[PDB]
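Part of the complex only, each chain left as placed.
Lettered A and B in written order, each chain numbered from 1.
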Amino acid sequence: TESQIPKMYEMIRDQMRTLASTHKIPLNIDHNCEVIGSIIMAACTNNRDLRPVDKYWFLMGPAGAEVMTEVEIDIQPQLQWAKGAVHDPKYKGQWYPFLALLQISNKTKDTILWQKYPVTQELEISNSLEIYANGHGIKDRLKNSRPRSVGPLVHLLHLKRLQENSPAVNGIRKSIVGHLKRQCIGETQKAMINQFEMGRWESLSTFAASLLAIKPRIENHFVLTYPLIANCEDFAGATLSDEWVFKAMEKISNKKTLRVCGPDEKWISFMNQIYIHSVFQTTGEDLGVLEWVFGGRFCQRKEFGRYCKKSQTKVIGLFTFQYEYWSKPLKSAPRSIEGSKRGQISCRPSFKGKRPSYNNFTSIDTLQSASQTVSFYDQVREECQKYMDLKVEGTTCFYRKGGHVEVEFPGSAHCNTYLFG
Amino acid sequence: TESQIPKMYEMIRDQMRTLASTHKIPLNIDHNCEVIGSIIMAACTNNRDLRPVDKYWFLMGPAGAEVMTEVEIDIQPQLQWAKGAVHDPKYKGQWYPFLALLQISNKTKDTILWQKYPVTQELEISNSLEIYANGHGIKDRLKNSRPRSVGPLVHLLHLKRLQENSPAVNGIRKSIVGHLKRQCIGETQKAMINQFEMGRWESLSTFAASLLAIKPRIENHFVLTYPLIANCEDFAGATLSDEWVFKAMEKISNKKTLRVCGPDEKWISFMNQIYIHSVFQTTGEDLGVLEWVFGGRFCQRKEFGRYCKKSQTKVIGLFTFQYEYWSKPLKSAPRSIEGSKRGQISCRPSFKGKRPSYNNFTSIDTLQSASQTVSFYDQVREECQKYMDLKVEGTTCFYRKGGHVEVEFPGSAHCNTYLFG
């Protein structure tokens, strides 16, 4: 499944530099790579909506005198290659599943800079839940190539849209539900999806809230963004899922040739952190964990105002990256109550001596563990409290840099803080 | 609105010393000032209930040999002046609005020493809510001069009393409701007041509990108490709302002439702290903030037993005051959800690495953010959770002493502790 990753990375980077050098467009500027990279993406996917010759905005000029200017560029070489490469048997069909991950990676930056909440706004649920709407805005043909990488509310938004629009309805609805029930591990959650499948949406707010307790299964992959791809000189053992990516970004960072763009120099750490969020998909991650992993503090998006408009970005510094530990991408749900037992959570004193009094429950509702028939909302709450009661998240381990020696994450005072908090 | 504050302070202090010196009553003892001050107050307000000659309890004697004794005193000079000064056009009507603030200030000490809960007891709600019953016991004609300074449960107690007693009912009820809806900023809170206005009191417990989340708008003013007023030699630029009051109390404290009374010397810090609670109305304030502001620890009322009876107080030390930061009096509600967005409050891991698991919600009820019609109690809870979710309280800033350089309050380990906790 990753045998072709090396050669597909190579093919992307090549088409990028071919098209950039033909029009004298320097690829040591990350903004140029972002625009060139998205044009190549569009030739592989929506072959018919882009124009054979069109004008785009690049940083043109010599040796740090670059200015943004509209360059007319011709894609019919890249277009002809792209329409073949979709079905080329040499890639063993691994092309579209790879393009979808590449689009998730390369669209991450804009979802950070231009924080909106299209999916929870359309579903009419709390915008705290947009963290589970990832992969929104990917071309649909790519979405069918990576349904496990698409957040559960994207699938849920697809289901409700279906009910507000043919005999193919029985087959489309079946597969959307199928993607939903693989992601949503809760017994009460699958029951709620069943209700949604029959158009009964009363459970929506409760289902949506349950996703922060009984967390869904979201597949992650570590995919380089277009500026990294163009400036990577060796894809020899490329993976999307182990220390290679970490080592690849350190190698480019050490080259100190790729420059990054932004509104002004106060953004230079943030831009660089945005590379980590795109490649490793840590946009939703705990910032305390991230600081430990990469060895530096991460900004929250609050710490800056609105991004400037893409035409008014400027070079503001150099790409930089380093890391202290690494980890593989999570594929299973982060929390499991399998073989979990809430044990003693209260004191039964035997000494008369006074001492502080604890209650490890918010109310006696949180301890109602049910035999006598129970109501559905209580079923939900009880199942959620079981996952809430877990004190650890994740599945295996972090590794020290330069090997696979397992190092337990020690903790942080910056834990339980978040990029959009 | 404060142009007359200097001259009204002057007039109070003058009438006080005039009446004290006529009967050889020393004003360097705070208890004497408290009794003399309340007699002058009563001449300006309930002109007909006090007696022209009557006996009161003062600390009489020479040079630290004072003993408490009943002195008969004659008020008909102070009484004649008082009946004029109510309507004297030279004060521009600012007299009663000032007398009401002075009575709030000078009644604060007794509400601390003799902690009872008349308003929540009469409303039959938790006595934790007496913090919102301030200004109770003020003469009603003064209450109409400062309805924004009167706690919302005083207005609420007035409304329920009205329904348990004429065509003026439509006008009295209207104005009480009007004061209530200006103080209670919650949309669900105004709906609950509407229900109360129509005699439906089922929401009482919920309305009362909501006041600790969606906090009401309470107007504060910094007004000197009678012992400070008599011992202040300069009212030149007097305000009730900026650093002048702070500087005025430091000036008297530095004189080291005013002595304070109490049951025994173990009360001497507490008595002095009671001056801060009366003048700056910090009775409800966070003791950790207070310690930072004034630079010393504040006692909780638990740390002492019952006050002795007023006849058995003795001189126990000197008035003392100092401060490190200052702030203006709050007039708006302390919490606002305007332009507030609860953002990301949960982690979506992308690394397999295990890490601690957080849940920033007590139950999945606390995340039910609602389109589908919602029940009223949930409306309340959801609105309350929005205010509960705020992490900061207050509106502007503290200033360092001796200027208006804004200094962010850094925090304290003594925060979230309270005078009646």
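Note that in this section a contact is a pair of C-beta atoms (placed from the backbone, for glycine too) under 8 Å apart; a residue touches a chain by one contact, two chains touch by 3 or more.
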{"item": "Subunit count for the whole complex, all chains sharing one sequence, 2 displayed", "value": "3"}
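Keep this in mind: only the chains that are shown with their structure count from here on.
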{"item": "Equivalent-chain rotation between chain B and chain A, CA atoms, steps of 5 degrees", "value": "120"}
{"item": "Inter-centroid spacing, chain B versus chain A (mean Cα positions, whole Å)", "value": "52"}
{"item": "In the complex, chain A residues that touch chain B", "value": "124-128, 131-132, 134, 201-202, 204-206, 209-210, 212-213, 215, 218, 220, 280-286, 289, 293, 325, 327-331, 334-335, 362-363, 365-366, 380-381, 384-385, 388, 390-398, 408-409, 411, 415-416, 418-421"}
{"item": "Interfacial residue positions of chain B with respect to chain A in the complex", "value": "341-365, 367-372"}
